[PDB]
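Asker: So you can see what is in the structure, the chains are spelled out below.
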Amino acid sequence: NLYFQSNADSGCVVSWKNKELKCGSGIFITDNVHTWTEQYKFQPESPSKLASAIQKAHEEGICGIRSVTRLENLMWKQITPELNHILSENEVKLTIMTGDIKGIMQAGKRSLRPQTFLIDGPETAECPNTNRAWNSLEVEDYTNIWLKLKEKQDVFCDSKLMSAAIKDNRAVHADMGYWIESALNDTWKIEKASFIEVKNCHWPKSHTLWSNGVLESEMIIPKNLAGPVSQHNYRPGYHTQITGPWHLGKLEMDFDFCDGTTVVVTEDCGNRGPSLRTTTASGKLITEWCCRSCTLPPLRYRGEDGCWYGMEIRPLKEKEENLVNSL
Amino acid sequence: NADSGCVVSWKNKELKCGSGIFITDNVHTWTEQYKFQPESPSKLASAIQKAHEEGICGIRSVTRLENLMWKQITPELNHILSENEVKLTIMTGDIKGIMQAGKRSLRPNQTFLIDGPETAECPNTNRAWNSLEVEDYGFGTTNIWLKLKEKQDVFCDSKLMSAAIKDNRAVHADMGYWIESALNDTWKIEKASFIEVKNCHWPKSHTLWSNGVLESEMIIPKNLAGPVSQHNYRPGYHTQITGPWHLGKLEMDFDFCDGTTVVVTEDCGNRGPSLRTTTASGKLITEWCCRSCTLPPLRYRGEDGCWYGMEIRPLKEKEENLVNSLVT
Amino acid sequence: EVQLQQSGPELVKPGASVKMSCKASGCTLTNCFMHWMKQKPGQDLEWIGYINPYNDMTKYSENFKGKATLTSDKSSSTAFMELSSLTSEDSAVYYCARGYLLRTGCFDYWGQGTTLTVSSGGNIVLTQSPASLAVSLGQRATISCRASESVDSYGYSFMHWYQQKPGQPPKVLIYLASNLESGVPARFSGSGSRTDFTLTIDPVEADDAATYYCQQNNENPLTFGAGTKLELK
Amino acid sequence: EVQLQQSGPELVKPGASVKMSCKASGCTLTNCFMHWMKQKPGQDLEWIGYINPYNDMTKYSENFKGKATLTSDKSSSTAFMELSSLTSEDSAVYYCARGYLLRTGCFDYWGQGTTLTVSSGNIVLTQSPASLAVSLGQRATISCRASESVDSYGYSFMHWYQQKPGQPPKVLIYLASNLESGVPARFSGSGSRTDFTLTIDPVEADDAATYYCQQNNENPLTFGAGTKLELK
Ligand SMILES: *[C@@H]1O[C@H](CO)[C@@H](O)[C@H](O)[C@H]1NC(C)=O
Ligand SMILES: *[C@@H]1O[C@H](CO)[C@@H](O)[C@H](O)[C@H]1NC(C)=O
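Residue numbers (the numbering used here), protein chains in the order written: chain A, 1 to 327; chain B, 1 to 328; chain C, 1 to 233; chain D, 1 to 232.
Each hint can be trusted.
Derived BS3-like pairs: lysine-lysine, alpha-carbon spacing no greater than 30 Å straight-line:
| id | chain 1 | residue 1 | chain 2 | residue 2 |
| --- | --- | --- | --- | --- |
| 1 | B | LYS283 | D | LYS23 |
| 2 | B | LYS16 | A | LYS77 |
| 3 | B | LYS11 | D | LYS59 |
| 4 | B | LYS159 | A | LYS205 |
| 5 | D | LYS65 | B | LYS191 |
| 6 | B | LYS204 | A | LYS17 |
| 7 | B | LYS159 | A | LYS223 |
| 8 | C | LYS59 | B | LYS16 |
| 9 | B | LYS11 | A | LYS49 |
If you want the ones that stay clear, here's a sample from chain D, every Cβ over 10 Å from chain A, calculated:
| id | residue |
| --- | --- |
| 10 | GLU62 |
| 11 | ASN63 |
| 12 | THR69 |
| 13 | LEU86 |
| 14 | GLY182 |
| 15 | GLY191 |
| 16 | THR194 |
Derived Cβ-Cβ restraints for the label pairs, each shown as a range:
| id | chain 1 | residue 1 | chain 2 | residue 2 | range |
| --- | --- | --- | --- | --- | --- |
| 17 | D | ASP56 | B | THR142 | 29 to 35 Å |
| 18 | A | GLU318 | C | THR115 | 39 to 45 Å |
| 19 | A | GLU60 | C | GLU231 | 57 to 63 Å |
| 20 | D | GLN112 | B | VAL134 | 52 to 58 Å |
The hints are simulated quantities; they were obtained by calculation from the structure and are not laboratory data. Each residue gets a CB set at the ideal place from its N, CA and C atoms; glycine is no exception.
From just these sequences and the hints, can you work out the full model?
Answerer: See below:
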């Protein structure tokens, strides 16, 4: 032929562990979670288009919205001064106030439509999630990222942001706020997972490796928390981390011992329950842990306030009542 | 731990540096980036005695790089065989279109045939196939060390496979494949490039969207290392079992063949073996059709011209005058 | 359980840099988060951040990210703090205290202080009431602390009370809203939940004249009250 | 149907480069694959490669990857061949012929040839016989063995050319056994797979020439060594 198939990403890359340098053309999945400064910014194409769907929203009886992704909320912070100003010139007595992010970004059952108002913050019964919009933005085009109002109301994370890759038997599912690594050592299992957000949308199988023959009851990161339905989302001896410490919001999951503690495998151990932290509220360390039928190293999370263990890792001797847990 | 470096996207118009996974297109590279080498040529000589002793008369390579390896290596294999005292000559030949599979396998005067053309004296039932897996990597070109597999299965070596999806454009890739998918209204296969055509199975661990797949809808057939994935669909096309895979090295996409036209008509002929747009003598067949396929037409392009998907038949011309792909 | 030793006082020229140190004893990897706080002469305390020398885990409060740099030496288990470009607003007593991660413990044990002279939808705010309070021996002294947002997590109140005599580091009295720190006389008590807490001294005595601070560690940044100056009649 | 116009003769010093041209008329995008061949004085023909000026599809045979560079001009539909570092081993007559892609057609039409003088001041086809003398009215038999089948899709991609002195080859038989339009039926070819034979019966006065067999079943395209037929 005479066609140059560089519709892709062209450049060079060096691998520290593999000890080679490779150039060429293809697909580059970058880690947009462990970046030092903000690589991507959310922006709306038309704030006035957004102002329409916000009036229209309250006219539908909607009191507020809950963000899907963290960058959506951070967009809502920079954007709220002008959204209230276009509202002021169009003289609607409805004020937009946006607060900060809880742990999980809970989903809401209402939605905006294309053409006081509380963005995020904590929960409230005066403006419940039943009346909050959620997942009504999709990506338009593009470092900057432009957003537009969505068509249909479904429960799936914006596919235009997701990515996955597998090579040299190391697998990755990635997001603006997720980074899930799996690897082949005897068997395929999850090894690390990084979170800047924890969302409540569904990971679309179109962006999932090995999405066949999965029992959701064995997915480590739960489906309801944007867990990918994949056999890479698997660890032998662990089941879904439904009650993991997802309330930390930003956390680091992996498989190793928490500092100063030990996990043993014993059938005498307690059943799997809500995740406990290794330090009491007073700062005491609980050194001896166990699990009934898990596989070492233990599933451990690390967050802003210390080290937590997977659901199946219980204290060996210490009574659970003295421990901080995630309910 | 990962791949760190920089990348420029011409279509997206940005530059991005960072750390992650870089899937390179190892098919349209200008030089041979990777070469297969054996860890122990002496171990390969041993496992071939046992093969020949068991009645295995030859072997068929899975991947193209495997055949090239058997070429660099046969002078040393015959020298290790001669020093070891055994009247057996190995001669390994060239590659046909499809890399046909054999039903036997290796385990960890008289003649031993590696690849080459087909034969009744040494049929595929009695040839070893897919007995090598990757050990580790060199650096640079870049070396790939191979060793004998512990188990006999039909799955392509996973250490060579890769997949990726970002910007709603997905890729399933290999030392010899490069299969692109994209979301335009719907998810469908768009382009797929081949330097080899192999006869192993694309392992589901390295497959995107591998649930609820019908093999009767996979464009690249499961039997030709087609990935079992809903990224391997195209509306209005079914499995291309009789595509021109004998071409060996070819380029699939969806566009009209130079100088031809496809129309959608219920009067068109039924789907059969893939035909070529130029007759053997060099005449061009300009008018084509298909019963219920969706335009643009599925086309293959190889060193000998432009072929069409199975459902695209000539409109006026009698099919008997055309070259078709039922090559044995 | 843990002993903290801060470096001597420093007198610096405006615009230059200064580096002060704190050496810890009785630490382990799991505790031993060395926090740093700033106190203008007779003022509230600002939380700068922490650094654990064994881990090199660090955190800064937003106000100080260009200003402070926390570094460590695992070997001696010593923390260092560097203070960028210096202005007269940086003159204060800078305390190094041992603490823990976010919703964890209190400032158990304290360094003696290093005195710095320069010459030639947000934070949780704690409001203390009253600003000053005068009382006789035997009476009941009541100090209250209002948080603008709940300081509760996991069924605990991450709220603490400290007493500070002049020219001295604070001392822990009540931790977790209501627990009597070991070795503190039972006349001190704390109570409350969510956003409303009260310290009570009953009966107040001759020794108890000091300034009383509430502090929270339910969320970063850590913040203090304005103080309550308690004085005898 | 197609007219090929090659550039004038070139006398070149050893060590320099040369760029010769070929201008095509009556081409379309779909054919118009301009192949290039080298013919040492009174020797076999080597296939250099092709370039289609409309497409810029190009292919080189391995021997010429360092030597030849093919370039194009869509506007005039002209192919250019440049010949890198020149030695007297490069002295030859260089032909430009219209052909097709791999298993397709034959060298339909040929340019007149460019004579390159360098001075200061795979499927192997074996042709038999090398030279052969025969009398008027008798029968000439030339045979061509291919080292591998040149058969594909039920055709034999085997062709026969006649080359009078000082002139490009001409097609006589295409696809092993088909008579090119206007070629006398006294010429006939037969065979399949690896064994082919051209027969002239009866040979006549005009039939004194050198005869080549050629295949295009697999790259590179290859020729026979030639058969010099002489009268008596
Ligand atoms: C792989 O597994 C073995 C045994 O299970 C273990 O000793 C080794 O550390 C593992 N390596 C990894 C997880 O990189
Ligand atoms: C998407 O579909 C439209 C429909 O006509 C087509 O014209 C367009 O070329 C397609 N886009 C891509 C990128 O193939």
